[PDB]
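J.: Listed here are the chains, written in short residue letters.
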Amino acid sequence: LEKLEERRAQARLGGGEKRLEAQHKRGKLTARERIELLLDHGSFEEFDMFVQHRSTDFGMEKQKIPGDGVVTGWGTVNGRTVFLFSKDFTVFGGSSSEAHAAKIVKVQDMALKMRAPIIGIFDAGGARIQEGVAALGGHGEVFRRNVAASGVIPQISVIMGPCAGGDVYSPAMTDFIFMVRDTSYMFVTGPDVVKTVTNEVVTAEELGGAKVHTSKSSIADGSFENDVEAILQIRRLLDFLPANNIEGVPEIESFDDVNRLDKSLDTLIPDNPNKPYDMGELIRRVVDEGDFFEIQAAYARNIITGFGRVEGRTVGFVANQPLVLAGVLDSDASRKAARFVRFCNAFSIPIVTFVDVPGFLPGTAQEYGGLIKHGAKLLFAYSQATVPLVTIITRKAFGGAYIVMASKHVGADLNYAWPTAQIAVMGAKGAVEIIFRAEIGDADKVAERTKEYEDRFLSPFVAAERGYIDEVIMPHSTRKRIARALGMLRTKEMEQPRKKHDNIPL
Amino acid sequence: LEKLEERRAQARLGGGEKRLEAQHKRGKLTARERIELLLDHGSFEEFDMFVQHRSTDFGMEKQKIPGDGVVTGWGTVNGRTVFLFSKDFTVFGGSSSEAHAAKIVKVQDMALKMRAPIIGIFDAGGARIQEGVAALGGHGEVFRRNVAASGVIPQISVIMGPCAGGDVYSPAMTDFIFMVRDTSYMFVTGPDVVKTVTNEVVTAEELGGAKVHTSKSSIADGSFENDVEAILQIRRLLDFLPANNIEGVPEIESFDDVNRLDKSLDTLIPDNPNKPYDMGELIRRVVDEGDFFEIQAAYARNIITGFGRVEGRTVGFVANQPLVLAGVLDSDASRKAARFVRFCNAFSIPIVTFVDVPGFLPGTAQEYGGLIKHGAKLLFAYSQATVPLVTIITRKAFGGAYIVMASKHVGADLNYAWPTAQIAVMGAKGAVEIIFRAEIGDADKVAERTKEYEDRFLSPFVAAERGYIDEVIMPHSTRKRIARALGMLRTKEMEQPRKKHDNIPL
Amino acid sequence: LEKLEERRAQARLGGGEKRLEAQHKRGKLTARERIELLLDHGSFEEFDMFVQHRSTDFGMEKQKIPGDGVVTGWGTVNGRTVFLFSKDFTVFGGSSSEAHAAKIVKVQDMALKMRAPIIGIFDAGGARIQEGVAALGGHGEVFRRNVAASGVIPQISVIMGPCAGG
Amino acid sequence: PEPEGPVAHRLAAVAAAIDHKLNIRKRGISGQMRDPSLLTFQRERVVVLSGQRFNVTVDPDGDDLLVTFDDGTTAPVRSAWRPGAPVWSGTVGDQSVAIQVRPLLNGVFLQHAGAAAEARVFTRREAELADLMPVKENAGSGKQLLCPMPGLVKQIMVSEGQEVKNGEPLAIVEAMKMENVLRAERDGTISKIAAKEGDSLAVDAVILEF
Ligand SMILES: CC(C)(COP(=O)(O)OP(=O)(O)OC[C@H]1O[C@@H](n2cnc3c(N)ncnc32)[C@H](O)[C@@H]1OP(=O)(O)O)[C@@H](O)C(=O)NCCC(=O)NCCS
Ligand SMILES: CC(C)(COP(=O)(O)OP(=O)(O)OC[C@H]1O[C@@H](n2cnc3c(N)ncnc32)[C@H](O)[C@@H]1OP(=O)(O)O)[C@@H](O)C(=O)NCCC(=O)NCCS
Ligand SMILES: CC(C)(COP(=O)(O)OP(=O)(O)OC[C@H]1O[C@@H](n2cnc3c(N)ncnc32)[C@H](O)[C@@H]1OP(=O)(O)O)[C@@H](O)C(=O)NCCC(=O)NCCS
Ligand SMILES: *C(=O)CCCC[C@@H]1SC[C@@H]2NC(=O)N[C@@H]21
Ligand SMILES: *C(=O)CCCC[C@@H]1SC[C@@H]2NC(=O)N[C@@H]21
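Chains as they are written, first to last, in PDB author numbering: chain D, 5 to 510; chain C, 5 to 510; chain B, 5 to 170; chain H, 457 to 666.
In short, the hints are calculated from the structure, not lab data. The C-beta atom is built at its ideal place from N, Cα and C for all residues, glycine as well. Treat each hint with caution, since some may be false.
FRET-style restraints, in silico, Cβ to Cβ [claimed, not checked]:
| # | chain 1 | residue 1 | chain 2 | residue 2 | range |
| --- | --- | --- | --- | --- | --- |
| 1 | D | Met498 | C | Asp474 | 42 to 52 Å |
| 2 | B | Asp113 | D | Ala106 | 22 to 32 Å |
| 3 | C | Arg264 | H | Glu665 | 22 to 32 Å |
| 4 | H | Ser486 | C | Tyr281 | 29 to 39 Å |
| 5 | C | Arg288 | D | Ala302 | 47 to 57 Å |
| 6 | C | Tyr281 | H | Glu665 | 23 to 33 Å |
| 7 | C | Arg494 | H | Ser545 | 33 to 43 Å |
| 8 | D | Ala302 | H | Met489 | 53 to 63 Å |
| 9 | B | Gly83 | D | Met498 | 21 to 31 Å |
Simulated crosslink set (DSSO-like; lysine-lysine; CA at most 30 Å straight-line) [to be verified]:
| # | chain 1 | residue 1 | chain 2 | residue 2 |
| --- | --- | --- | --- | --- |
| 10 | D | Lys496 | C | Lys504 |
| 11 | D | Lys199 | H | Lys633 |
| 12 | D | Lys68 | C | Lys484 |
| 13 | C | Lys433 | D | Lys449 |
| 14 | B | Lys110 | C | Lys504 |
| 15 | B | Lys68 | C | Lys66 |
| 16 | C | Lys279 | D | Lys503 |
| 17 | C | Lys412 | D | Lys110 |
| 18 | C | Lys484 | H | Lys477 |
| 19 | C | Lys199 | D | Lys433 |
| 20 | C | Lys433 | H | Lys633 |
| 21 | D | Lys449 | C | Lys199 |
| 22 | C | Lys22 | C | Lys66 |
| 23 | C | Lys504 | D | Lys412 |
| 24 | D | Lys504 | C | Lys504 |
| 25 | C | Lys215 | H | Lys477 |
| 26 | H | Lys633 | C | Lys279 |
| 27 | D | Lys412 | C | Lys68 |
So that you can see chain D by itself, here it is in the shape it has in the complex:
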């Protein structure tokens, strides 16, 4: 019947031709165009197209728009099932109402029931004021379900416009948040209140733009140039990830060889102990086809985290970076790495770690900021893990930092060391300064003792003689060894003690 096709065509227009053309003039796609680009061709099934709000206050009974400002449904990405929702900025500014929240709740429930991923696309302005407390109630029901889904299905958030007030706490409880440069921003309280209360004048970009949340605040896991780039990268990410916490990692057919050697790695570490190198080079030479998807690239760049593939199966990577702050561990890096390790362990992804760490970052700024607990987050995350863990010490491993970076003492399965590794309590200078405290006056004795200590202890062989290192390997064998170990460790079975949940520091 023609009438139903007409009502469909009328529900697709949202808030009107003019508002949609103005969205296009901002350089932004519409909600339905976003859905169309994310999903496989012809795959989208929409729920609840004709839903309407039921408020009668402040004249709202005269502006009833079908769909109530959000598009919801399900489809496939590269043949695998996904559920999704997309907020529509033209309808009441994308604001959340009672029925709007109910639409989101339907698809959240369905995603948990089916054990499939869920993607949320945000271009909104928060609780719809005219609806009062009811609207708040709605938001609550969404939050709860986020928490129920955590560690059961992967949850991804894409911020493609404004997101203010209560709208921010849902993406915060998801696993990954991504943003588009120059058109998106996030904040709890907006600039007007900031002026009234603190007297400071700031723009929305300066308060919550992508630079702030990707480099300063720890909120965002990455930024992109425009909507199209972002959505295509979301399709790339989904192919790495499991569908739930039972099925395991996806497998694809690889064009690389698991038995190839790499001679150049025998020259990566410089002879001068004060010269750095790029750990990213090593990572990108060890993964299949040089393909690596980095997480939190712009934040805490003294550590690296990301996804690659070995033998066509997804693997997570954590590494110290000598180029930035000499590779030391500080609070920001420890938080960045702890979240990544916890996510990997929840969804059964194996972890490979590359270690070159001289210690923690000193100073009052770090201690007053709470390094004692922040650094402990990472130790807690590694000690709690039951997935395969493989660690490679490249150059330096001093003190407690050596313990924290996936040591055998905290539960690592295999621990290798290159020939240039230095595993020790601390540097030779300080070591002898402390041990030979009653003889510091001289200068020949001190140098002799320092040389002797360096010769005896700053090597991989005391750790090897105690079994803390399973083998000292040649650099060019690294990939060949990793791929083999992972293959053997697929059958690993281990369980933590029975508990409601841990009490990890926060």
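Using the hints, position chains C, B and H with the ligands against chain D.
T.: Coordinates of chains C, B and H with the ligands only, in the frame set by chain D:
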């Protein structure tokens, strides 16, 4: 045999009469005296009194001291079994060796096996340098067991001296850290390296003293005047806590009545909305006998957390505090309350919340610091809880803060409200300025609209009409209602979905 | 480095040329040759080649041999994963010490964790006397793990020389 | 003023009685390794009353208590006081008494007959170990009143040339639609006032000087 008695008498002297006298002159107790003051008289059974180190480097073989710098064993506190260890500063500065760590591991394993609490007392200097990498291994094995015990048995730490280096990360993964004023301190890197690297001159008290860690850093749960006061308070705390995550809260006979009314509470909320009141008074009037054990009292004073008793059973309390920062929610407060809620849920302690919250704290400092995620932590904690939750709104509850403070939408069991409660999206002025944006040219219409908005929506009756509030109660009845509800709710049984663990933000 | 391959070649000799030729004279293979015959070509990954003992009694500190008398690791048999250890009779008579036992315990734990079979090859004379009660402790920890693995993974033992006492 | 003679003795006896009641109740906690009926309560106690030690012995008689001192003196103690009540009214040695009770860490604060005293009750060994603890000095505040929160000055009460005690209200600073009362943490005179009613301050700004 007399000779065995002599062996014991000599083991009991640690590192010498002179060192023990020097410890006393500093105003500090010895390890064995501390153990004596903590446990019931005659109950202490010691393990491994004769253990010695096996190092042969740097002349260590010539000085073997029985016990190797730590006293370990078990006993009873008020009749209930507890395990413990105490570091002896007189033996190589309480530094951790291989055998030392093995002793600690023994008592940790036994405590997990028996499902009993474990107390650690720290007066130490970290990893013994002369033993090298072996020392570090020991620390690791201790750390792992900490992580295994989290959420299964309570873990208490008491800092009664220096704690530096790897020693600090073990207390950091325990449930509570208490310190002694003017003789204790904690840091990762000490003043010398700080001077050499940052050029800043700083004393140990300034870098890691009790004040820093109780007021500014988020690390310590409290401080005490001296060793005796502190150990007596640990005895007090142990009588509130469950022995494990199965047995539930301890019970005592109360001297208070559950059906008593409190007329004074009818006059606690001031008529003027600009004047504050002391929420601690409400708490101390609601609990049995006025007895309240506060946690993190000197940190983030805009919120209150602690333990009381109702009908002789332990109950946890969270409350907004109008006297400080107008009772707003910020990052610090959120983290404080979140860790407390998680502990109580892990050990099956019920939670009572008192709400008076205007919103969140505005400014670039908060946003740049990560308020999105820090605030999400508390929402996560409440939404995940399966213990009983009883909430009472006293005066204000606006916006997202209302949702976060144990609302029915995130899973609360019972939700009451005093007659003075105001449950709305925001204040009348701003709501009007938004809904009537294209009318603000006037001044009288503004006042009329604001007054009518106040009359309609700034009250508890819209929420009641929607069922978000179970009952509006008179203040004098508060205790009587709580005690009844809690009784009824003792049989609550609920469980979250199956998962290895959640992915709560850090 | 070339020094590293030198260290490897020097660990592969055990108790020396003369003891190895004596073993051959009796009609016995060496521990490493036995491993090479059991496993598929190119599959053996060795654990703990450089482990040494820490005794300082009865002049033991003057003779520290890498490996401490046992070769341990994993590999494949007809493509299927297996773990194994082989005792070396040319090192203190293949006698068991603290570190020796620790190596065996490592491979036992790994085999239970990954749910695969374990093969033990025996040519030895029991607890190393010079180490005293510590040696006995090692034996204990091995025993317990055997019992934990019973009825979970298949355990096969091959006696290819002496096997006495503990 | 610290008590003397019969007053001090009555205070020490009441302190011992309170401690005994609380210990009795404590020893009934659930979850003990074995029955508490098989354990013993130590009869010798040390009451410390703002630095005045009394060695006493406590014995239950009938349903009330008997406290014996070193002088051979004895005092029976009888009351229906329960934790939480702010007044201990009862009989100590043929004299009815009323005493004000407040709590503090590991003890009580007691007021009676115009005398006031902190009170702590130990065993002999606990008292020996407590006597190893030093007496610590207070540093004191820093001559001036600094604003601890940013806001607007709403009211300044005190005047220059005015001596002040602790807990004295000095000024009100409003922030985020909430008043905040500032108080004196020392004693001294107001030399000069640097802030005016209606002003606007930042953190760590000066309001007045001592
Ligand atoms: C979301 C926001 C950041 C976007 O700002 P912007 O792009 O400059 O655009 P506008 O504010 O003009 O918003 C677009 C429309 O959505 C409406 N809208 C936005 N947020 C809304 C909300 N929470 N409730 C109801 N309507 C809302 C606006 O009134 C406006 O409609 P209009 O074109 O019909 O006038 C901003 O509107 C906002 O902060 N909203 C939250 C509510 C609030 O506190 N507003 C006051 C501060 S401006
Ligand atoms: C723990 C510490 C803060 C205590 O400081 P302190 O009270 O001023 O006292 P000292 O450092 O002199 O320590 C007491 C003794 O314990 C020894 N000791 C302390 N920490 C030790 C450690 N980690 N390893 C070995 N011995 C240690 C000291 O050598 C000293 O010995 P001595 O009296 O026999 O000469 C400090 O010694 C320290 O930081 N130790 C950690 C190791 C280190 O890095 N020290 C170098 C800078 S101090
Ligand atoms: C294992 C055994 C049966 C082998 O007999 P064998 O081949 O005739 O050879 P030996 O007994 O000469 O042993 C070979 C070497 O291993 C050593 N060895 C054997 N068992 C040892 C043990 N348990 N602890 C330490 N060293 C041991 C022997 O000292 C000998 O060293 P050497 O040749 O350099 O002098 C025998 O050595 C034995 O019974 N050992 C068990 C321990 C014991 O109780 N022995 C008592 C004397 S037989
Ligand atoms: C020599 O100059 C030593 C001083 C610098 C030491 C560096 S700073 C960061 C690392 N942490 C630590 O404790 N030492 C390392
Ligand atoms: C009147 O001056 C309005 C500004 C104050 C509003 C207060 S500030 C702290 C609370 N959070 C929020 O956003 N609004 C509340």
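J.: Now look at each hint and say whether the structure bears it out.
T.: Here is how each hint holds up against the structure:
no., hint, result
1, D:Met498 / C:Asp474: 42 to 52 Å, "45 Å, holds"
2, B:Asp113 / D:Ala106: 22 to 32 Å, "52 Å, violated"
3, C:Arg264 / H:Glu665: 22 to 32 Å, "49 Å, violated"
4, H:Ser486 / C:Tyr281: 29 to 39 Å, "37 Å, holds"
5, C:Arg288 / D:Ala302: 47 to 57 Å, "49 Å, holds"
6, C:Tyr281 / H:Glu665: 23 to 33 Å, "31 Å, holds"
7, C:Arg494 / H:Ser545: 33 to 43 Å, "37 Å, holds"
8, D:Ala302 / H:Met489: 53 to 63 Å, "57 Å, holds"
9, B:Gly83 / D:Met498: 21 to 31 Å, "25 Å, holds"
10, D:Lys496 / C:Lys504, "15 Å, holds"
11, D:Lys199 / H:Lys633, "15 Å, holds"
12, D:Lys68 / C:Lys484, "47 Å, violated"
13, C:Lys433 / D:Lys449, "78 Å, violated"
14, B:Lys110 / C:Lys504, "26 Å, holds"
15, B:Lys68 / C:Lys66, "23 Å, holds"
16, C:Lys279 / D:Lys503, "45 Å, violated"
17, C:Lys412 / D:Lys110, "19 Å, holds"
18, C:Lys484 / H:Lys477, "26 Å, holds"
19, C:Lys199 / D:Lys433, "16 Å, holds"
20, C:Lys433 / H:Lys633, "13 Å, holds"
21, D:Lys449 / C:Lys199, "25 Å, holds"
22, C:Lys22 / C:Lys66, "20 Å, holds"
23, C:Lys504 / D:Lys412, "22 Å, holds"
24, D:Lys504 / C:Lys504, "10 Å, holds"
25, C:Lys215 / H:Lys477, "36 Å, violated"
26, H:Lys633 / C:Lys279, "9 Å, holds"
27, D:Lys412 / C:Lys68, "29 Å, holds"
In terms of the numbered hints stated before, the structure departs from hints 2, 3, 12, 13, 16, 25, listed from lowest to highest.
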